[PDB]
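Here we show just some of the chains, and they stay where they sit in the whole.
Letters A and B name the chains as they come in the text, with residue numbers starting at 1 for each one.
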Amino acid sequence: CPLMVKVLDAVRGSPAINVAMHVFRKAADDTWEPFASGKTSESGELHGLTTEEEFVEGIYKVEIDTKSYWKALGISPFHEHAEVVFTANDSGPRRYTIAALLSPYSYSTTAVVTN
Amino acid sequence: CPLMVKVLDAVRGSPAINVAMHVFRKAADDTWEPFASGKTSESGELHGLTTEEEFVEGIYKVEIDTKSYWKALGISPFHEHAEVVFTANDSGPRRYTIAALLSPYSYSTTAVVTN
């Protein structure tokens, strides 16, 4: 698939399991339209969000529900969520892997983009 | 100073200078209301965004224009911008330092919350 997200937990040293996230695409009228959504598996991965045909050129936002994740573990975290906003497929189709590391008061994200 | 942002550059090993950001507060209708804004100084710091009187409880969004930063350095960035979204003062007013570290395909942010 052309878009997948993997989430790790820096407190437990484990994948971050059952983490919900919503993907949006920027529309012509500059609003965010719902594009896809899912949650991470027991390996902390979310696959199959979209397809090569559906995943057209555009600006995308992945909003990761880190707050509910920490809350379910008894932690009151700093962030409401973690976002990743990027232009995709500008120079042709690419595959995107979004990696996120979660702590109660911190997060890191990086992107691996391949042809 | 109840809210301070500090931005570092992971490619050049320096403060990230002249980085523009806007701070929003979530309104009752769930849209983002402009609240404050500024550019990081030569030390990568942005101060005096708000005061303790004005900085009431609510959900705040700091949107950092990382894309313009990398473009000025002649480097192609992944993200459109970096966001930090958080609930402020849920236990009564505190002081917030938001630290962000920027790379072209990655960013890390952490909060320091003091009394």
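Just so we're on the same page, a contact is a pair of C-beta atoms (placed from the backbone, for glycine too) under 8 Å apart; a residue touches a chain by one contact, two chains touch by 3 or more.
This homomeric assembly is drawn with 2 chains in place; in total, the structure file defines 4 copies of the chain.
Following the convention adopted for this analysis, only the chains that are shown with their structure count from here on.
For the pair subunit A and subunit B, the distance between mean C-alpha positions equals 20 Å. Listing the residues of subunit A that touch subunit B in their complex gives 59, 76, 78-81, 83-87, 103, 105-113.
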